[PDB]
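Sharing a structure with you now.
Every protein chain but one is kept in place in this view of the complex.
Lettered A and B in written order, each chain numbered from 1.
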Amino acid sequence: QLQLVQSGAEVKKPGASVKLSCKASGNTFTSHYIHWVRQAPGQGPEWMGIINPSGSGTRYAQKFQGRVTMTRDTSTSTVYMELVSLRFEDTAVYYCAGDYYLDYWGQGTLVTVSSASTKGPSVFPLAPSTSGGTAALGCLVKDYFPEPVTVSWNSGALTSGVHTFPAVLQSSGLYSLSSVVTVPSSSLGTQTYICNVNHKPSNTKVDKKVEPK
Amino acid sequence: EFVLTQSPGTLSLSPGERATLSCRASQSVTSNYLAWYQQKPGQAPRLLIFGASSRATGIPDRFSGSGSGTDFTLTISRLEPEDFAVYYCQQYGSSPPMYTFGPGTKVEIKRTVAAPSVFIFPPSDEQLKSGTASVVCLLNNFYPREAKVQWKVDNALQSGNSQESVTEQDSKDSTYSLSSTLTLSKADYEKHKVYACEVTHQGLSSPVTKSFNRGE
Partner (left out) sequence: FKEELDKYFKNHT
């Protein structure tokens, strides 16, 4: 019943600081070592440091010494990690983990370090012959910030043949991705195809009907 | 931070087969403090093995670890569908406390070679009205993951101006899909007529080219 619940996603400007929290749930009757581990996009996990069960002692990875501080509040079963002088390279999912061997893990907190402002996506059609009668169509989800966005098709009715690609960070500092689906070319006159785009950081919900041009 | 290598970078195997993953340290691992973690997309890592050979609570018996000195192994006796994932070794130490994850080995599903279906998409009229033009080349349901995409504009080979994205291996047909996007201003896009992407893949006896003419 050892479980950890982390705080919500953060967006910070370069040079600012961020303070993340990690609260134990379930069996909160003893105290455990707590670690912080981060994972940048496309990279493997990187250990940042550890705080002992009482909170009287810490040890940080050399790469983060002088930049990271861990504290804990025994009264609330909560551990905190503060990272200062944020850099572009600090954009990552930050995890807490418990016990000697990182036996159990929180769900992760996304931290984005960027000068960009919250911006909802512009959704454009990827309009649809093929030897097997298979047409490809999709939606281009362009120029949003920050991550993440969600895409569904026909309000979740269409899932077969759907590919929603991982986002790429453009040189503008904004993210872009495409979602595509393959359909029978014969259905292009019978079925309607709508991509449902949800960008929760900007409270933007866009439905886009994709048609042959 | 310890120094670790994992071989191979990618292991391609079928369900039911035995998987052997290797981790090598630059120097002898003090006290055999070597652990193994599993990670799937969108999830935290999961502890499998600690102390070189001790299985963590709740981990199936098909996972086992062995090693000493510089050379350590994780064996999955028979791969189940849920076992295809990335696996990280990790060296740890007590004085001072230090935990260092290795670079990782991806265990993917091997399947028959599948050629990509290729599609090219012109920019929408809506996007063009905004002063921007994105051209998208889609490579759908191919295996293996390796491929080459070459952009040609009025038959001039392009370089350095595209961005690519690849899906995770599909759970049902074990294929990959890839997008390549060329982004141009409306004025730059209107300078040229023929836009093409050419795909090279093991499943293709000859490169496949899809193209369109701006205007038609």
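A few points about this structure:
Quick note on the criterion: a contact is a pair of C-beta atoms (placed from the backbone, for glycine too) under 8 Å apart; a residue touches a chain by one contact, two chains touch by 3 or more.
In the complete complex, the residue from B:97, B:102, B:104 or B:116 that touches the missing chain is B:97. Annotation: of A:3, A:28, A:31 or A:52, A:52 touches the absent chain (contact as defined above).
In the full complex, chain B makes contact with the omitted chain through residues 31, 33, 51, 92, 94-97. One chain of the complex is left out; on chain A, the residues touching it are 33, 52, 54, 56-57, 59, 100.
In this text, only the chains that are shown with their structure count from here on.
The geometric centre of chain A is 18 Å away from that of chain B, both derived from CA atoms. The part of chain B that touches chain A in the complex is made up of residues 1, 35, 37, 39, 44-47, 50, 56-57, 86, 88, 92, 96-104, 117, 119, 121-127, 130, 132, 134, 136, 138, 140, 163-167, 177, 179, 181, 183.
Contacts from chain A toward chain B in the complex involve residues 35, 37, 44-47, 50, 59, 61-63, 95, 97, 100-103, 105-108, 122, 124-127, 130, 134, 136, 138, 140, 142, 163-168, 170, 176-178, 180, 182, 213.
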